[PDB]
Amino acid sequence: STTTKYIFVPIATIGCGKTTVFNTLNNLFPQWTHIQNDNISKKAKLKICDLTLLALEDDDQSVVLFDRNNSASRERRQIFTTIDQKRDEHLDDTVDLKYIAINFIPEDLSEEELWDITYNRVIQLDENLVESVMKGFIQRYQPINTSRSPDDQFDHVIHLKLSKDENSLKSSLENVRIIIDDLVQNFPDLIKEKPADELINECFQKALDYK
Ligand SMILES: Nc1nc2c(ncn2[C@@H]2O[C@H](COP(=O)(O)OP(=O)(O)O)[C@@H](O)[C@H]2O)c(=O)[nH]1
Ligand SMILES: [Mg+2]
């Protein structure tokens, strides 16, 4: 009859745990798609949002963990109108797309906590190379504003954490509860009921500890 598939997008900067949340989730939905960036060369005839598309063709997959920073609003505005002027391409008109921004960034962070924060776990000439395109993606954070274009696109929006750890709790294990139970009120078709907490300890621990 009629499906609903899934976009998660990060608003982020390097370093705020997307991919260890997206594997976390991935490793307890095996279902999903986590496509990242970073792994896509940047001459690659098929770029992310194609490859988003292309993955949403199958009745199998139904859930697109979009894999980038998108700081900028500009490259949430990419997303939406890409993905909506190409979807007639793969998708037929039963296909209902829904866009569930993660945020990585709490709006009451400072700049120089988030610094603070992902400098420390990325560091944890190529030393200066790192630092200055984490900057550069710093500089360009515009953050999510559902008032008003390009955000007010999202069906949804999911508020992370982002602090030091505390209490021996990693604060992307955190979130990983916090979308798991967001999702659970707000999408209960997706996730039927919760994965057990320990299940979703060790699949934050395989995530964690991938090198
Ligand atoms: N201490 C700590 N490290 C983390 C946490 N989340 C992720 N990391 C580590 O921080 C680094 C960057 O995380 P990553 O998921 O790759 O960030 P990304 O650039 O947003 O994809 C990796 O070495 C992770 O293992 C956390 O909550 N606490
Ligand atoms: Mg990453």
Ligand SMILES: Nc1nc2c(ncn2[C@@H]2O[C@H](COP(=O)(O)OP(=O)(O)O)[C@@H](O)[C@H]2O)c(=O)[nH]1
The other form holds:
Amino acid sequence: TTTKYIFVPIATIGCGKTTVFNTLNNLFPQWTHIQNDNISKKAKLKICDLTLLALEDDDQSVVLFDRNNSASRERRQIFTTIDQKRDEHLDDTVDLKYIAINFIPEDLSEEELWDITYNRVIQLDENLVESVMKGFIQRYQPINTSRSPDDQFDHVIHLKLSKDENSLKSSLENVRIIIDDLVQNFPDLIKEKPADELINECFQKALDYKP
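Alright, leaving the form solved in complex with this ligand aside, put up the form solved without this ligand.
Left out here are the partners and the other molecules; the chain alone remains.
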């Protein structure tokens, strides 16, 4: 029994998920960060193929599955497709664990989810940014692990999302939340939280990553 992991965000635009995943991958370079926005719609290998490819080796334990998955259908598509394809990549005794990274607290209404997301991204254009990122926010369906598809998650990490905070201060706190929760729950992945100076350095280097 080797155990493999897929980290699945539940998020919308402006939740900082790529910053968070980039920071974690900087801290743990053996993890693989697969970005949906970098895969062609006509690519032969899609994100679920690439995810399982990046779990084939004994060196390969974690995939950061970088996609919003705002609607329940998208989480169901992950579970269905990975289950259908895993035999092409893993033997079927391998324990594959899905970890939800929940960027949006389930208490949040449709309305300050909008007000938080709207204000984080503006702090020139706004025609594009108001009722067209409200196509994004309308399709959000909170995680609900009491029924399908979200009941297939093995674990849920609950992140912070505050009206109050700067969007970059919140992303750094979320990185820390994920690490500490993994320390408690999956010591095979992280035995102890890295030094804070290391986490800060890896976060600052992620804030420069779009080269």
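Rigid core (definition): largest C-alpha set, two forms, superposition within 1.5 Å. Positions refer to the first chain, counted from 1.
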Core-superposed comparison between the two forms: the option from 79, 109, 91, 72 whose CA moves 2 angstroms or more: 109
Did residue 169 shift 2 Å or more between the two forms, C-alpha, core superposed: yes
Rigid core superposition, residue 141 Cα moves 2 angstroms or more between the two forms: no
